[PDB]
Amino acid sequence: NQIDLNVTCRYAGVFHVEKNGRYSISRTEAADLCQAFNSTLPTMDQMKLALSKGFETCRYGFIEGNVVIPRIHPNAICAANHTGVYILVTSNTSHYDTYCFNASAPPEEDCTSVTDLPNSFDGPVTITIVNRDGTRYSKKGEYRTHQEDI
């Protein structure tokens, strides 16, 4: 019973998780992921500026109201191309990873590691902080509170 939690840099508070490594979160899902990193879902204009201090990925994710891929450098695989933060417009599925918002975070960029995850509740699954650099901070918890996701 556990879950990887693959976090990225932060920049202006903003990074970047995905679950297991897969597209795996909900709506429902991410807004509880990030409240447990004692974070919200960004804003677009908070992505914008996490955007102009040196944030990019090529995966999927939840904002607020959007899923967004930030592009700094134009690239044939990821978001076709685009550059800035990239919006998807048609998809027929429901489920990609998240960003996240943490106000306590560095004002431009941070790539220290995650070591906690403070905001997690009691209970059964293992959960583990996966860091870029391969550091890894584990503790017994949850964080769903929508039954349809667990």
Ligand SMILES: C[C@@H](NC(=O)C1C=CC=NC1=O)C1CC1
Contents of the next structure:
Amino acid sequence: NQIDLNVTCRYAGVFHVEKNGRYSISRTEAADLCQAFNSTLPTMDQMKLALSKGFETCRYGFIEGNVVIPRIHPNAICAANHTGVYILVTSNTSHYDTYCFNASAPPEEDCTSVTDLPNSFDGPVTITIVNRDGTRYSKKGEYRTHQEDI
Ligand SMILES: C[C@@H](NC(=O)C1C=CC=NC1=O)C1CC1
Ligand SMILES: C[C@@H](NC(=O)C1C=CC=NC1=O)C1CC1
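Condition change, the form solved without the named molecule to the form deposited with the named molecule bound:
Time for the whole complex; same chain goes first.
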């Protein structure tokens, strides 16, 4: 009973979380997941400021109200070569990665590793935070409050 959560650097508090190496998070799961990191789904304004500090990914993830990809450099296979906060307009499907916003993070680029999941609750799952540099932090718990996400 295991969940891997791959996380990035934080940029003005915003970071990306990919679960189990594939698009697998619903909107309800995303809010609960960010809550376990003492975080929330970013607003569009918080995501635009994170972009301006150096944040970009090549993966769709929830923010408040939309599913987006922040892009700095144009790449043909990432958000159809767009730059800026690219908003997903048309999709048949409901599961993506998520972004999260932690208000206590540093104001600009924070590429230190994540070593805590401070607000997870009691549960049976081995949850492992995987940083980009491979360092890991694991704890037994749960973060999903909606049964349909379990
Ligand atoms: C939840 C937050 N991490 C932390 O607050 C700590 C605190 C102490 C030690 N390690 C952490 O990752 C993640 C968003 C960045
Ligand atoms: C407690 C410890 N770590 C942190 O505060 C954080 C916060 C966010 C992300 N990673 C951390 O290690 C301080 C010594 C460095």
